Amino acid sequence: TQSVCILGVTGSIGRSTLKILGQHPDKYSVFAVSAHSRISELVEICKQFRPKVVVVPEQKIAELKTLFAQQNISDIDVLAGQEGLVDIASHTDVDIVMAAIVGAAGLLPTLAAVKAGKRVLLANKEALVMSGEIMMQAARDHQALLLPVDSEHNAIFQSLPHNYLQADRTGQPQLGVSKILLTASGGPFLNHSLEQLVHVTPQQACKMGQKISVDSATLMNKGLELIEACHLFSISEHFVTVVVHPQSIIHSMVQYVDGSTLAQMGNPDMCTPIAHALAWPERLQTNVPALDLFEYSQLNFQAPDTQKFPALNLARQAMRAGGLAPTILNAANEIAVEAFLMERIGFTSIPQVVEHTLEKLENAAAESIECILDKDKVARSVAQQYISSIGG
Amino acid sequence: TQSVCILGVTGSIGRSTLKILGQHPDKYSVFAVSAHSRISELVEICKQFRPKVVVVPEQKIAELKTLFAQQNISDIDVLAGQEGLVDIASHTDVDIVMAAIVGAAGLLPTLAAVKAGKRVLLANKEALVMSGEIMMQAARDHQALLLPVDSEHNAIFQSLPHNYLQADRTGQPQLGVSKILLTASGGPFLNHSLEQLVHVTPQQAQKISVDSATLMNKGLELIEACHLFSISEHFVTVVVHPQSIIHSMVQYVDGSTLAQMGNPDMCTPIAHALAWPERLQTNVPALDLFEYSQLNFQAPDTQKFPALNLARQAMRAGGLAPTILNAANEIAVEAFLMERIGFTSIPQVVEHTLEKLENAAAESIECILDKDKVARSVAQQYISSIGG
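Going down the list, the sequences are from chains A and B. With the UniProt record's numbering applied, the first sequence corresponds to residues 2 to 208, 214 to 398, in that order. With the UniProt record's numbering applied, the second sequence corresponds to residues 2 to 206, 216 to 398, in that order.
Hint data in this document are derived by calculation from the structure and do not stem from the laboratory. Heads up, a few of these hints could be off.
Selected chain B positions facing chain A (Cβ under 10 Å, derived; list incomplete) [claimed, not checked]: (1) 197; (2) 279; (3) 292; (4) 295; (5) 300.
Note that CB positions come from ideal geometry on N, CA and C, so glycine has one too.
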């Protein structure tokens, strides 16, 4: 039986993870969990799974402890903040870490888990977008098992040779792989003209949270996923083709030198890739319905319009540049998206903010979390300044 | 370097195989080849690949030796007939056997290759349709490597766990597999009504083309799939997919479905099976989904195309039932082509033969061919009884 630490248990990834673990108590146990919010739900989680340790931010400590006392919950160690997160992520009694904390808050704990040699299930973009080199290097150095939880990357993993983890890491596809096809929904503005794109509203672009939704509309979401893919699978961006696939039933593909293309596909349920990564190389029973192609009876593909959606090329540009370029891209995009949602700039100005920031800000090596966050902060400032300069 | 024996080298599978081998002379050599026809083309093949042994039917011996003399080709042993086929298929100096001879004529050579412990690339249906249990048992008993060359079965192979050959053989899916999705083009009469199917003509529908129209081709592949992957028929779902870009799929207990897809080129699955578990470079163009931008799926109408259910019935019955089904179908197709019976009468012939003829264990090749002959006789008698 293997112990699991869930970083960010109250979110959607966290809940999907618990559904799986709750159906396999004979194979998995929950040693520790963390949450930044929904503390009441956290207490209900603790009742059922009884972790030894729980971590919340300092601001949430008194709330947690009051709810515990009120629900007569004892024998659970409560830790606070980043130090707490690090402690449970690297804990001796932890085998598996679900890294589902998004943003800068998750970097230090995710890196601690990697350096402690755990099976690390990546369920956040920032680990590889911001600190990709450090994370992969740490994994090699400390013999950690780094496995992707997000749908596209897990699809690629399932479509790669079973032993691709043992392949040479050179930027070149290995073991008969010739290309990776990264599938994208295309967003709600797939069939918009250039002029129509200029006038789309925040409400339209949010049609699953707002940041991801806007990023899915600009294709920056795929741009970020491409950067991650390049780090994770040690493959240069020019071996990655983005394919727009509106039904999003096929989750990504891998092409081979004999002419074969392999695909992973399924119903939209994160329990599938979570279960795969959790138990790999073994398969794990879930309650996810089998894919019914008689109902979902059509799949479509088309090329992304890089003129209409320049975010993709910006992401490739950042990837080629390496270093802190993807960090700069990510920071600027966040500020731009926020500006767009607050109706301060237009939709088409989002890649403009990103492009400007990448141009103005000097690149450097992503050598540490500290350097990364420092550059992230400056990039946000530069983006904001530029937004002001264009009337935002 | 590994030596290859190609049974049926002048056919389309044979030619595709040679294209691959000719691009990898550093990894593969051709030791022996056989052909039933296209002797002149066989000569040109011999010039380029210089096999040590060539096998042709007795009727083709004089023609071959004359062409050999005329083209000044020497130092190649010529063997004749079934004994010759068995000799090269089981030859000590052979590592790999491409079994591309179709029909009952391919059975004894294919089995010999299997019992000799060769890597056997299966490119004919009869080996598993007629003699499935015996072939699969022989493969296990003699440490042979039986790998599918046909598109759908190779796709399933590529979509299964990498170690699925080591899984238990129980009839149940193993290693987290929940379902196999066997894809089908659906044939030319995919969307016809029941009444419309009655009036389709031979010209609108040679055997393989007809079998695709009746979905019997898919029924035969279902039977092969069940033997090959040691899985009961009720775990195999037929999915009609007209573009035939997805070549088949496998579903898993975690909700995942894995698929193999590609351009229609037999070099892809041949190269895969030839070099498995290694990948082998081919000139097959990468699948371009920007051009082939749409894929569709639908359920086969088992009422409109009963051939599928008959295959499942035969599979459930086991024993010689798949042999009986295959034999009856061939007589029925042949009758339909000669305009003796209607199109919808083909499964009627099959079903009647399966009902009239007593089943038994497929204990031996001899017992299989005996029942095959009787099935043909029974089918032919029924055809006459319905005015054919």
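We went through each hint and held it up to the structure:
no., hint, verdict
1, 197, "violated, 22 Å"
2, 279, "holds, 8 Å"
3, 292, "holds, 5 Å"
4, 295, "holds, 7 Å"
5, 300, "holds, 5 Å"
When the structure is compared with the earlier hints, a violation turns up for hint 1 alone.
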